[PDB]
Amino acid sequence: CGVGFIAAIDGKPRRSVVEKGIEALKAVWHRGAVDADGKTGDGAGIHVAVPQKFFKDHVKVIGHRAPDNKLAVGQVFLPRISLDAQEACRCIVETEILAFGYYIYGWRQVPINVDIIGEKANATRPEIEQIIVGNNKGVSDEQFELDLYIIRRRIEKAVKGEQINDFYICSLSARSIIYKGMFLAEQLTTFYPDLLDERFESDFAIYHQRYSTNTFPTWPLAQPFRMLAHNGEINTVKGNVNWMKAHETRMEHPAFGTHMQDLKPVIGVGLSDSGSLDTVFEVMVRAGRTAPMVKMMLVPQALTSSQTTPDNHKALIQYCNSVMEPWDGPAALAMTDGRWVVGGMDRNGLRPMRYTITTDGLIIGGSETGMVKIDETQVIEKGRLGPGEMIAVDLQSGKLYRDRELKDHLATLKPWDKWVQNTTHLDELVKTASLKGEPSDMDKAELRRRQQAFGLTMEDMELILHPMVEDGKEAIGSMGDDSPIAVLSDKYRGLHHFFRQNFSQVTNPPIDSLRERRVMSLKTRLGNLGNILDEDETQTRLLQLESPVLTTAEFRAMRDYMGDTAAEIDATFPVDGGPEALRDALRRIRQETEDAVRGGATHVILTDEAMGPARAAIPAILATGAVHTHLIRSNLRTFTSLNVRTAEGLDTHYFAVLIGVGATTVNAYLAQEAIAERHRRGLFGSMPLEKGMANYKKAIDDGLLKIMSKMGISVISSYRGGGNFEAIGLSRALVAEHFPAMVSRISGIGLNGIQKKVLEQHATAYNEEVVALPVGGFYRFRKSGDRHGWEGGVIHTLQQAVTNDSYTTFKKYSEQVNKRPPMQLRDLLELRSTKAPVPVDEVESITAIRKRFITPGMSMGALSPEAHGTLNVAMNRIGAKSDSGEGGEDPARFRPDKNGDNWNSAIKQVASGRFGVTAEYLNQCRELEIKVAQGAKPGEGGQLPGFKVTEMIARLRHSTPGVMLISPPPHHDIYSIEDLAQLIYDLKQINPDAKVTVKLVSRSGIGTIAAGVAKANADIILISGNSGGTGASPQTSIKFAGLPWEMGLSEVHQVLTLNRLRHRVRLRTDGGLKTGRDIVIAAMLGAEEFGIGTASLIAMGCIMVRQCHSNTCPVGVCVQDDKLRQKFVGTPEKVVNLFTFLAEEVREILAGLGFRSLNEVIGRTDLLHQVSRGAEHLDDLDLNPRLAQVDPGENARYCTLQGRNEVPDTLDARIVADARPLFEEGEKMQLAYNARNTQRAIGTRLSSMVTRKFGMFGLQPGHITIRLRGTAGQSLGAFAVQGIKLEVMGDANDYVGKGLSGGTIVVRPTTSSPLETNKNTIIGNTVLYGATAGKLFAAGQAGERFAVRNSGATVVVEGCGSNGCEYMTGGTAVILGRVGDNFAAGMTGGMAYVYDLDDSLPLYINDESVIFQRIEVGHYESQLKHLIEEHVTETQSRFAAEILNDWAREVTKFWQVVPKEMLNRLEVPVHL
Amino acid sequence: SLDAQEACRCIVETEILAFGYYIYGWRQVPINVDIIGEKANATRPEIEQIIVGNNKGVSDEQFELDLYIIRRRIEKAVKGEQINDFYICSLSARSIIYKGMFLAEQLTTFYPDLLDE
Amino acid sequence: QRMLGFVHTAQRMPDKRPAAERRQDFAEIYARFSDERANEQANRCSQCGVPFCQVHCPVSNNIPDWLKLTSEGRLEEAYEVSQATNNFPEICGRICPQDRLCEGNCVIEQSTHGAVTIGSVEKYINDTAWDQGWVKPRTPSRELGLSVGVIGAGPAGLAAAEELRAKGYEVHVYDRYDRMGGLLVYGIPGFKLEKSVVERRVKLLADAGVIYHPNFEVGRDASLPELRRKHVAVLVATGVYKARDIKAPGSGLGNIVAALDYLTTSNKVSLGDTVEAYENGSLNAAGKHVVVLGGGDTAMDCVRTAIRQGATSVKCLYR
Ligand SMILES: Cc1cc2nc3c(=O)[nH]c(=O)nc-3n(C[C@H](O)[C@H](O)[C@H](O)COP(=O)(O)OP(=O)(O)OC[C@H]3O[C@@H](n4cnc5c(N)ncnc54)[C@H](O)[C@@H]3O)c2cc1C
Ligand SMILES: Cc1cc2nc3c(=O)[nH]c(=O)nc-3n(C[C@H](O)[C@H](O)[C@H](O)COP(=O)(O)O)c2cc1C
Ligand code: SF4
Ligand code: SF4
Ligand code: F3S
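Residue numbers (the authors' numbering), protein chains in the order written: chain D, 1 to 1472; chain A, 82 to 198; chain I, 4 to 322.
Warning: the hint list may mix true and false statements.
Stated by the list, open to error - Quick list of in silico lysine-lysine cross-link-like pairs, DSBU-like style, CA-CA up to 35 Å: (1) D:120 with D:137; (2) A:180 with D:120; (3) D:157 with A:160; (4) D:444 with D:53; (5) D:120 with A:137; (6) D:264 with A:160; (7) D:783 with I:170; (8) I:250 with D:444; (9) D:783 with I:139; (10) D:756 with D:697; (11) I:170 with D:491; (12) D:757 with D:473; (13) D:491 with I:71; (14) D:706 with D:160; (15) D:414 with D:1039; (16) D:706 with I:250.
If you are wondering where the hints come from, they were derived from the structure by calculation, not from laboratory data.
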């Protein structure tokens, strides 16, 4: 994977550009996916300029006369199987080109070499040809390009008319050409030998290679595209296509003319995200703008509210943000207009981009700093690209614009200042809105009768609403979800329960909303859409809101401002209408809306205040969805807005789905009425009503940001109307008709069931006297409320059976479990074989089955030490595996005790926080595990309350005792699938024996991701369910996130069997397993190993108190207190008996069916049938999508290989061959080698050998030293231990010093380089991620997110970037230069010194948890002095030497940054 | 692709239910792939059946006419969104068609349903 | 405050009167909580999911809900929630054996931290509602034109009567004794259950609109077909009164009395009526040696009411 570009600055063609482009493509084979075939690739492409001399010579040879003006060439992919569709395509192309009047010279067959393509990329290979078109009309060049663009668009439309397949036009221009295909990266100049000619010379070049997630290549999907090249992924593609459909109905420009009609569906069908973004980019460029302006408009910068940028740029970005919705996602872009050549980044800066300027007037940018070979004595400046930055080259003038210079040159075209001031705000109107006209609050009886009509219980106001008004933050739950799914219940579950939220797996990282909050906006605009192809003042005249949610006073003020332009629509249907009253009401409202919009109205208010004893209220979700979809399909949405007044919104999940469906603003008045009525009774204490409303709105805003952040979307504008949810339990027809773009894998209730539920609840509310709301059980069990998976009798029976060791009692327990009405998806399935029963004593032995169960990870922060030790003792006794979870483990238990117990854990986890990951913690296991997402809370980090962190856990995690620890939602290491492959390579290098497990969460589209991670050499996939327990997490994330594991597992199995990849990995599942029937069902679906989890805790004494977070669990399971931990009653015999009973039940079932092994039943789907609940529920659930049986072929239906998937050997092997006297005698050594950027994990296997031999601290510092010269690759010296010293002369790419554990790394420029050390980037991104001890001295500027999750390391660098020292927990760090924005975000341990000259640190720092001062104590000056002296000694810098020379006057320039939590814990206080 | 299947199913279900008939469900036809060659297997489609019942009590000729119109409109719709490899071998309450790209004598082996009594 | 105080408090029931003082009188032995101590003892509950305190309560009261609404003042809403699902909450809190139904199963009892005093808090938050006029009769809104009859004035009879009258019907009770209330007024003694709250609840029922038929035997003064023809439906709640016996050498001697008649005479004398079996008869135990047979709470009440009236030596024989 990788994108890059090369450009001659002066703008003159030369062969060296293409030569270096090919050389750079020849050296990216290590980031791609290898194959056992060796010939199969997954895409490659290059994009260069047209060599006029070549084609003019060809035309001369044919017999024509070479024209004077530039010649045009187009490359086409025609069908290959049928020799008639080729002629039809040729006829179409020729009759369309000759329609404008241009002259066709002829066709040419591109010479190729097919002997190097694989077997699958060759069966779908198209026929490649070129067409030569000359400009005989003498028209200009820009008009020539415009005509060629229009010709290509109309040709595409025409060939799509007659339904001809396998036709593509890779490029059609007179300036540039594209050579791309589905071959290997290094085999490009072999498949296309034309590039070996001496006449292919250009002044720019772009190159790209991708990393696919499936194994069915399609040639028209490889990059680069026409005028773009993208590396990464776009989050909002289902949300941007809709707004593009809405914008298409008004855009026009006088350049195209009548042919504008042939450009209406600008985004075709069957493209990828990088194809859609490219199409819109090109249609915006061809209309007059230039590449920098289009990049600024499509992918903007972070509109920070700071004074570090001039307000000229602020006005510019304001206009660009007001004109168009952003296109989010991790993205490195390398685009090229006809004139400019631009390289840019996204808002967050997740992908890397590094460039280099030479003295030959050459700029080279890419993903790595060692792709092309350049001598050090000829470079001028090395650099990087921050978040939102860009660098451009102007070829027509021959100039190089860096970031700020390009911004200044771009901010001089139009007077944006006089245009932006046309906007108006709302808080001003709320202030000028006189405090009169406050209506009367509804009576208690009316309030109760309106609340009963929606099913609101008394716990909905005493558990999840009181915290919002009281503190301003959502609630916290402490256990998994055990409630029935929405469609299988019998009470009234609102329509907002059928929609589960989404998140992002390894293919996409989430965003931290607690620290990186400065790049997330909740702005709203009314009266915004217009023609996006002009430049005027009417585009910046609108109403602007700072939040989509509104109170009642703000809504009344907005209504008064709107006046007679809005239209109020009723949303009620008659209760006595009939069996189809809801459908008629939907049709009525969706016709009245269209009738009112055409009549000049520009605001649609969807009010349902008319709910009475004879009119039921339509669910707001369905109504707003119908209205928005109808306005989209009728070319009217761009005219008006859509404001909703709902009477059901109480929590942050309702507003989320209302805004995701398409509503603009949402006002919830019933919640405000309840708040006022609870305040007038004197329940909140002494706070005024305004304080309650402010806290409630703040809680709603933070909840919206948290929900929107689980996906990677950082702006509300590009998230609205995109449908980022999943419908479970709804009909396919209803979903496909009323909702824009959502998937409903299994069907559900239609409109009749919804009408029945609504009418029944409304009758219950309005036909009987209500005296008080029902108590209600949804989060806690109550006799009146719903049913639960864990009830009293079940728990007591299980505990008695496990304690007394009686199989009959456990069978009674399993019967009680399997006799309740259906509550999950696996309850509607039934086992039915056709063989004859076999005697029970013939099936596999109980041991051979117990060795298939494991216990999932439960961190030592959540559990007590005794419970963790008990589980680990029990599992290591029967032969199966256990898990330690995050939070590390105690090293003293790394040995069997005197009695014979083994308190260790056979599976170590690698969480997001890297909480205890060291070099010895990884060499004491048999299987590693990469936790991407948890079952309960997906796309979010695990939490740990403050008081739960005692001194023991503080020492165990290397943190501060008594402070809340929240892991970051992303990994900062896994930003794409190639990053996951790199991390797997690192983990397989540090431990030469373990197997790498990847943990996922079931959802829609998990099959492609699982097929992707299977190519990354992982051998175990884990599919967690939506019902998994947890130690602490919010309620909205527990109840409304995830999917049942039956969908994810059954999809992953099918997708892996389809790609011939199932026979290499093992599948594992967990979440909601209680009896053996569920185990057999999961084995039938495809799983092979099983995780138990919560049931284990119930065998040891847990009684589902659900108070784990409050640190007062009675039985003492999840507590850190002493007097409660004295109440532990656990015993390993209990867990052993539980596992024994569970295995015996599976033996019984297998004997009853007629098989003799779990191998004979894995994958055999035909033994499962679906039975309906009856003829009174009428739910149309069809489970056939999960019962589909793909035929495997000649391979088996499970893993049939031993050992791990091996990886290619790195440089370390050679080192192990040489440093033999170190391992045989223990003597100092000294080695020197040559480093290259295609050599990953330099010095990790040696670290494993040293850790196994001497230990982490057995050798003196600097026992073995290695000297490398050149550009080191990725993960330089990951997980190195004390005694290893790597010294690099040159620069390292990425992840340098990851997981350092006492080693030493020194990076310095070469001796023969004319470069200032403090003005050139030397290391890359994510430096010292989660290190625990050691040193690192660099002699340049670091990259992005410098020293994240540092715990014990001491680093000295001469610069930094954005988000430096993010969430640092311990150690010291000196920075001799400028820093980036959001410095020291979430820092909670350690100390920092910054050498700041221009007095600008108060403008960049995030003064939330840290304080910055001047150095005042000599005890702290001696530390800095010694640190800088050691830096000068090691790296031999000149800037640091200059600082040390003038010490007395430069000591007064340093800023000392100290956390707030370490102000009363330091020995020597920092103050006087 | 496991997504175009869902789009096709959505189209079929939203078009059949547009007239008012009652859908009983889908069924996966049991087959035996071990007898097809190498080229007739690389382009093999997924074979399924849909069961539709006449709840409106309409006559049989009108039932056949409605089924014909439904099939025509489904074909037009699925051709609208440019989805490939979709076909409706038959849709009626009178007759059914079992066809494929196997050998002539291997028919009752690929489709074992015809071995039923 | 956040009610998770089972960690830094200790269970303590309300104040009990010493043994040297209980033997004399016939009043109760416990006392109502003080507000400062009830507000603290109700703060101990853990507000646990899957509340075992509710699973094992035959009426299934929402114990955590009013246990919470008590710890924050707001006693009116707590009384409302408690009364919404149990007709006689004070009688229940006074006599329900809690060591096997409610105080014997909640999560902090299995953990040997001591159990929440549920019955005493029930008594507290239900008796303090009388002291402020919060209790009101449940008169039917719209008078319905039907009549229902019930046989018996015990707990089941009174509960069914209150529910039927709240529905809107018209009810007629039929009791054998002269004072209605079942063996709550004649069987259970005066130290366990005070005879004032019983008549208070019965007077509230009478105010609701029920009709009382005292001194009316269903066997003598009427017949089942007659009452069947009178109303639309009749509810047999006559209870159980045929006592067991023992046949052994000497089972025909004098001063061998049954327990129910003894308890009835004791309750009558505690009310008055100067029954002659107390003055000159074997139903007094002033200075005699008493021995009771059989076990259970019946024998407990008998032995206690015997040791109350002097009874120099009393013994109990259980098998
Ligand atoms: C803490 C506690 C203590 C207890 N103590 C005792 C005790 O000391 N003694 C004891 O016996 N039980 C005792 N019990 C038993 C318990 O009270 C009973 O289970 C409960 O009272 C049953 O009441 P009931 O609905 O049967 O009505 P009962 O209380 O049995 O009253 C039934 C009513 O029907 C009337 N009746 C009876 N026959 C006729 C008829 N032929 N015609 C008309 N009316 C008729 C009776 O006079 C009475 O009014 C005790 C229970 C508890 C929990
Ligand atoms: C108290 C507790 C702590 C947990 N900690 C972790 C954890 O640290 N990492 C993790 O991946 N899963 C964690 N889990 C989830 C379990 O690993 C597992 O996915 C879940 O318990 C399965 O749910 P089940 O027991 O109902 O089958 C935790 C679960 C609980 C209840
Ligand atoms: S009574 Fe017991 S089970 Fe019920 S809430 Fe209190 S502690 Fe929990
Ligand atoms: S004391 Fe009250 S709450 Fe407890 S079991 Fe008896 S009636 Fe139920
Ligand atoms: S659910 Fe949690 S609060 Fe205690 S009783 Fe079990 S560990």
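Hint-by-hint comparison with the structure:
Distance hint between residue 120 of chain D and residue 137 of chain D is unfulfilled; the C-alpha atoms sit about 45 Å from each other, more than 35 Å. This hinted pair checks out: residue 180 of chain A and residue 120 of chain D have alpha carbons roughly 27 Å apart, not beyond 35 Å. Of the pairs offered as hints, the one joining residue 157 of chain D and residue 160 of chain A holds, with about 15 Å between alpha carbons and a cut-off of 35 Å not exceeded. With a CA separation close to 87 Å, the supplied pair residue 444 of chain D and residue 53 of chain D exceeds the 35 Å bound.
For a cut-off of 35 Å, the pair hint linking residue 120 of chain D to residue 137 of chain A is broken: about 50 Å separates their Cα positions. Using a Cα cut-off of 35 Å, the hinted pair residue 264 of chain D and residue 160 of chain A holds, with the two alpha carbons roughly 20 Å apart. Note on residue 783 of chain D and residue 170 of chain I: the hinted pairing holds, with a Cα-Cα distance of about 23 Å set against a maximum of 35 Å. Between residue 250 of chain I and residue 444 of chain D, the direct Cα distance comes to roughly 68 Å. Violation of the 35 Å bound is thereby established for this hinted pair.
Restraint check for residue 783 of chain D and residue 139 of chain I: the C-alpha separation of about 27 Å stays at or below 35 Å, so the hint holds. Between residue 756 of chain D and residue 697 of chain D the CA atoms are separated by roughly 34 Å; this keeps the pair inside 35 Å, and the hint holds. Between residue 170 of chain I and residue 491 of chain D the CA atoms are separated by roughly 25 Å; this keeps the pair inside 35 Å, and the hint holds. Restraint check for residue 757 of chain D and residue 473 of chain D: the C-alpha separation of about 32 Å stays at or below 35 Å, so the hint holds.
Taking the CA atoms of residue 491 of chain D and residue 71 of chain I, the gap is near 25 Å; set against the 35 Å cutoff, the hint holds. The straight-line distance between the Cα atoms of residue 706 of chain D and residue 160 of chain D is roughly 43 Å, outside the 35 Å bound, and the hint therefore fails. A threshold of 35 Å between alpha carbons decides the hint, and for residue 414 of chain D with residue 1039 of chain D the separation of about 51 Å lies outside it, so the pair is violated. Annotation: proposed proximity of residue 706 of chain D to residue 250 of chain I is violated, straight-line Cα distance about 80 Å (limit 35 Å).
Comparing the model with each earlier hint shows violations of hints 1, 4, 5, 8, 14, 15, 16; every other hint is respected.
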